[PDB]
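Single chain ahead, by itself, as structure tokens, in the form solved without the named molecule.
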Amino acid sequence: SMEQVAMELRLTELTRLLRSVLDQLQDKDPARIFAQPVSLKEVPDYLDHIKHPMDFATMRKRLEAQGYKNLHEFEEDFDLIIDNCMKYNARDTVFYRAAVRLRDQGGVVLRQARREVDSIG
């Protein structure tokens, strides 16, 4: 149908906007602490601590499959990255500190993304 196509164009454009958002968020992690999944070879107990792991490469896979329906779903995944880190690592670690800084810097990006998603529809 013509409607299904229109819908698919919207999703494609949302995917386009979310790709730019993801790139901006990932620039706020210059140490690449959150670039890849926590290695289960190197942290073998990780899933005993963290039930829903997340990282930027995994979000990018979902993104490119057009697997985010709305900004809320994308933000859920970004919040998992931060929140998982802040639980597994202690306050006095470079990891925790990196997550705080990513959260703080990311807020600005996400604030305008929400306005753009609402605005453009």
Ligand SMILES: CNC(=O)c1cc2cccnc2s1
Given for the second form:
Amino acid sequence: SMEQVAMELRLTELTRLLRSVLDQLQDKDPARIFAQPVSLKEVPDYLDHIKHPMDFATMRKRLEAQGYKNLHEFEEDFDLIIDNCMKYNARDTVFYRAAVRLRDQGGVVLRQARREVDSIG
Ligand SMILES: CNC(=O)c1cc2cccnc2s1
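Next block, the form deposited with the named molecule bound, ref. the form solved without the named molecule:
Once more the chain from above appears, this time first in line as the rest of the complex follows.
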């Protein structure tokens, strides 16, 4: 149907917008602390603490599979990256502090993304 194609075009475009957001958010992590899953080889007990791990590579995988249906689902995953890190790591660590900075600097990007999604539809 022509309708299904139109939906696919929108989802493709949402994916295009979300890819730009993802790139902008990952740019705020030059230390690449959040680039990859927390290694279960280095942190064997990680899953005893964190029940839903997340990272930018995992987000990117879901993104290119067009697995984000709206901005809210994308934001939930971003929030997981930050919130997991701020629970697993203590307040006076490079890890916790990086998450705080990512959350603060990411808010600006996400603020405009929300306006743009509504605006463009
Ligand atoms: C977002 N990253 C993290 O939360 C952590 C990474 C590592 C690496 C070695 C030991 N502990 C940790 S905790």
